[PDB]
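Every protein chain of the complex appears in place save one, which is left out.
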Amino acid sequence: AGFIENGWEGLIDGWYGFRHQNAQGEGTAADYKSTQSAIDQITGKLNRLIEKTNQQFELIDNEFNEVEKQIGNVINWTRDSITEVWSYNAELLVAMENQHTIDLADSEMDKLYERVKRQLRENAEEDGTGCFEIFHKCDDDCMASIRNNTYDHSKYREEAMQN
Amino acid sequence: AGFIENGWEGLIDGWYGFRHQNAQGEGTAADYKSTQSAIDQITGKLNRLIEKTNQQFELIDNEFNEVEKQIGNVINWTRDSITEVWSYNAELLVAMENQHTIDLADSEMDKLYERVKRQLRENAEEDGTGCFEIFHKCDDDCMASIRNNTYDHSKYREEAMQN
Amino acid sequence: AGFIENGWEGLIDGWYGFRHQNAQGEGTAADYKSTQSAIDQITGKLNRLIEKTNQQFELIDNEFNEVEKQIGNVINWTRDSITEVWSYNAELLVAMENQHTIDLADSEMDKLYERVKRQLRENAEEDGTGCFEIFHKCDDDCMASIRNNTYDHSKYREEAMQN
Amino acid sequence: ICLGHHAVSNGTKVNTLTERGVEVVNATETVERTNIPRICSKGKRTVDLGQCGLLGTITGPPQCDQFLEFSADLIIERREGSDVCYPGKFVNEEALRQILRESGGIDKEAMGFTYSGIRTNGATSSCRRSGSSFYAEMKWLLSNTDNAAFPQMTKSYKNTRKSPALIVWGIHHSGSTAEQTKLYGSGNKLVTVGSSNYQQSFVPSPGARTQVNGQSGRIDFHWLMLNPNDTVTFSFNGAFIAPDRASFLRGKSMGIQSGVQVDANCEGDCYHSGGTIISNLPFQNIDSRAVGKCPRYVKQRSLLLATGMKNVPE
Amino acid sequence: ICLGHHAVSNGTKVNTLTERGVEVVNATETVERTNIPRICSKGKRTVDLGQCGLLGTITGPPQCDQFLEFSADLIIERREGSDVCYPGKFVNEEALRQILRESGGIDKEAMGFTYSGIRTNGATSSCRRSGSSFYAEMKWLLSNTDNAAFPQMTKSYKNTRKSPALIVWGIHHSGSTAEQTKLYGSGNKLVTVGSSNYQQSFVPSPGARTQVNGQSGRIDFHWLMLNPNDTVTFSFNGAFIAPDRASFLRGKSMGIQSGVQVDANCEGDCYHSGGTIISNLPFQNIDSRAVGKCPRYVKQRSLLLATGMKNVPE
Partner (left out) sequence: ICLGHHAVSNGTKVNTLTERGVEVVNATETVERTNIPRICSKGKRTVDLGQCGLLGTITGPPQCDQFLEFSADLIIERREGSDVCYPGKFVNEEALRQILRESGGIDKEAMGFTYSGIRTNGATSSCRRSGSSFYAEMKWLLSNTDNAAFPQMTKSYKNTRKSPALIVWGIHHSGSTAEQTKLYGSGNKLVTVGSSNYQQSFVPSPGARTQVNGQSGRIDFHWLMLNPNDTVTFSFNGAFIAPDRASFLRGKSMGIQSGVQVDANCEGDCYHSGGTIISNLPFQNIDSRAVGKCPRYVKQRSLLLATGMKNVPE
């Protein structure tokens, strides 16, 4: 979400996808692998955080008949301290988890971009805004091979080289 | 701060900058965008950490007339436990925040380098130490267009291609 | 550990290494710099975590002659709360440290790959699976210069260019 | 061929380490705020004490007649409950309450105390049953016919079980010294209770108290835990509320204080005065004094956890 | 055209998760160590008790004459303060102290106790005012002329307000049994204090104590909180320090113990014995027993937070 200016509101099929523009027509699709990886890591994070303890805490005060004022002030003091500790831990926990989540999704997008650049070796160029200036006429079946990770880099090499 | 051997002590205008060397002369400048992003993220981190609670804690001991020894030992025990907890939380907090800060600045530098490589597509080379072996004579106005992100990659293409 | 399909079980000399295949024969070696950096960061992490406090806690209960039931329930309540706090802190600590460790090793591998690509500028190609399609016949001494970071990119340029 | 990511029109703002208000695609809540205004006790043996006080189940006022040998996994205290019929007060109230909350119920056992030369059926108007009665588990020890010398007696009870016993006696403080002489006789009275872990320490204190339940006298209840094979002893010479039966703990239970209804349709392990906290979230913002297996209480009302990528609209 | 980052000659070493001593460009402090050796009370109603003890404000020794109905948001205790003029001691000292620290002041109210056949102006040399006086809020109850029978009296007071009242009475233990008979008469004395939540329990104990303030006798002060519309009662027959006026809490306040001066030029919400901690940092290393709205105390003297990039000099 850096050099890509903005997201695609029309991409309702997945988190990441391909939007091509060739001589045949327009088309958008979703990359199942990267999206499933991201939602698997975030899902596992949720399953790691949606935890309630099995430790039982008994009633130490008394709402109907107040305990002695000294031990009551000690109990209130300790409970307030623990409350501060868990408030801090919850705040820092949520903040850190959100940071690692956003940076994780950015890392997945950048890795998808890197592997798509790995498929097209010298048969296409990079524009700088997340697109691949493809140097030869790539049919819809050719771009379908790019999405399926089956693009032969050598069978279209010289045609895309002299341009 | 990896393949770049060292920083520039003369760069007093910003955190990141450009140091060019062409046929006209020498020159250094600062990139306002990346620096402002880094200091905005670190500044927001400070504003998130420079927090003092609104929870009030009352006096539970007595410095002039010591309380009973048993409840006093319980109070000292609890206070020492909470002190250990906050010491650990402060240590780990500062360590993690420093780690994410350093890696954040490194990420900003690497992103600036990546986008500068995105501007110069085949009109320049990479040396490996954070410089761009530019393949054509780039005037001071041309490098000023590189810093302003207005370099036309195609109007200098063939001249920098056959070299 | 991304686009590299799997690790090398035969690499017992280090964490990262080179496996070449030229006209002379086969060979594997270890990169001392990246491995030593990774084990230095992880080692420092261990030395930062293998810490036992110097704070002494006295006996507050009594196993042979049980204290009064009220103050005993307060002590058990506080001790259970602190136990919950340290269990949470230990869990989250180990999880975060493992995450940063794995991502750290991945970052070291990717940085080694990036610098090896920085040595070979246009004298070799990238296949996409962590190898360098080298465009000229690179002798075992030439690959030894690649591992030693002494490969002259220009003395083999035109030979590897026209291929 | 271009690459990109998805986005939405209206995202969810979350907080990170660097910025506060980063808009992402999806986010879930981590702090629980929804409360069920009932006591979810599905699958738990529940005893609603109601008008009966928790301590009364050991002494047995009329309102506790149906709680003398209760058994439960969850004990609910009500604010309209009372421990006493005759105006009195327990010593170490909250200690005995905390003991009884996690007891799993109580099992009474006849202690076997016989008396000679002393009438043993002392009643009062505030302990109403068929007429004027007293605590179902206690014996108000008085004198033979009226003003007379109280024979200095001593009675012992050996705990013949494997679990500790709950011994509760009473010290009567009448409305005046002349009424103390009317019920027990003139002279300084004393009540001695002895064992291996106990050493006390009782003598009445007659005087005028404020009329509670229409009575000026008071009764001070006391208790101890008698270890197995250990014997408790009482050397008294007047003003004694003797124990008829001793209590034995059944097992384990949970004690809560609430004012909401009981509901066996929902299940929950986190209780407070306002109801039950049924949630999987690790944090809650309902009640800091919640008991049981609860989410850890935090002061924040909401803490949105990002479950999706950052939202960058066009 | 080359790319690079800035650097400095002398950086600041910080600690990270992987290494300890990483030199960066800029770094700020997170652990507070600077302390203001004064009590910053700018904009707060402050009462410096000085030589007056906190509990004395309820009984009223001479040094507390100007603190009988104080009102403050911040209460400061001094080590030279004393709760008593006649040598005595409070029961549940720290409980009543903690109650009075967050009371926002006290409001006295005449309880309306009249006596018949008993002289009520008992004084002592240690409670000096114009001559020999006593506690301004108490009445040393004695006998008519000298050795005589103390009429067993009972006096009640109904809390006719909406907030709980503070009831404080006294039990006098004279220097000898013969002095107890000289002040109240022979025979066993007793003091009964009753309400709905109270049930006690008083009889003197004459004897020789060490001469404190030149006196061998002692006075044991006791207190209770009388709920609204509830009545307190006293059935006594000698050795009684009766309460003249009851106390009512005004609101909320903060109680601290310090030995430094008061300063209305600075403002702070974190106090300790050595002064005020005015800081925005989340942690402090001054005093672990600091009270108020304080940074959380940590054992580390300093924890440098990196505010800049790693410093890589040439």
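First chain written, first letter: the chains are A, B, C, D and E, and each begins at residue 1.
Going forward, a contact is a pair of C-beta atoms (placed from the backbone, for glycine too) under 8 Å apart; a residue touches a chain by one contact, two chains touch by 3 or more.
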item	value
Displayed chains contacted by the hidden chain, counting the whole assembly	A, B, C, D, E
Contact partner of the left-out chain, one of C:36, C:99, C:149 or C:163	C:99
Identified contact with the non-displayed chain, of E:62, E:81 or E:206	E:206
On subunit B, residues whose C-beta touches the chain left out of the figure	68-70, 73, 84
For subunit D, residues in touch with the removed chain	152, 154, 156, 188, 190, 192, 194-197, 199, 201-203, 230-233, 235-236
Touching residues (missing chain, whole complex) on subunit E	88-89, 173, 177, 188, 205-210, 212, 218, 220
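Going forward, only the chains that are shown with their structure count from here on.
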item	value
Candidate from A-E, C-E or A-D with the same interface as B-D, over half of contact pairs in common	C-E
Interface with more contacting C-beta pairs, comparing A-D to A-E	A-D
Interchain centroid distance [CA atoms averaged], subunit C/subunit E, Å	59
Distance between the centres, which are taken as Cα means, of subunit D and subunit C, whole angstrom	57
Centre-to-centre distance between subunit E and subunit B (centres being mean Cα positions), rounded to whole Å	52
Residues of subunit A engaged with two or more neighbouring chains	53, 55, 57-58, 60, 70-71, 73-74, 78, 83-86, 89, 95-96, 99
Per-residue multi-chain contacts in subunit D, two or more chains	15, 17-18, 94, 98, 296, 299
Pairwise touch network: line, ring, star, complete, or other	complete
